[PDB]
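K.L.:
Now for the letters of each chain:
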Amino acid sequence: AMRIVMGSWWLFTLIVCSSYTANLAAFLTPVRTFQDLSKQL
Amino acid sequence: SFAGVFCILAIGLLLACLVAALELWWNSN
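Respectively, the protein sequence lines represent chains A and B.
Residues in the first sequence are numbered from 1 upward in steps of one, following this note's numbering.
Residues in the second sequence are numbered from 1 upward in steps of one, following this note's numbering.
None of these hints come from the bench; they were simulated from the model.
The C-beta atom is built at its ideal place from N, Cα and C for all residues, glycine as well.
Any given hint could be a false lead.
Partial pick of chain B residues on the chain A-facing surface, computed with a CB cut under 7 Å [as the list claims (entries may be wrong)]: (1) 4; (2) 12; (3) 15; (4) 19.
Use the sequences and the hints to build the structure in full.
P.N.:
Printed below as a string of structure tokens:
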């Protein structure tokens with residue numbers, strides 16, 4: 001096959017590039033939460 | 001992202017159908 005192979009390396013491209021910016025979610029964002037109700041819990 | 005594989009999927013199924021179309025060209029000839 002040579003044609004679902006297209007679906008292979010594209011996921012090998014896409015998902016890793018899709019894996020990317022969630023490191024900034026781990027990276028960028030003491031206090032975290034500011035609501036009067038949120039601190040009741 | 002939510003639909004990154006979705007938009008490319010039907011493109012791949014279009015590319016999937018050309019192979020079996022040439023195999024029906026073989027089933028005719």
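K.L.:
Would you list, in rising numerical order, the hints stated earlier that this structure does not obey?
P.N.:
none
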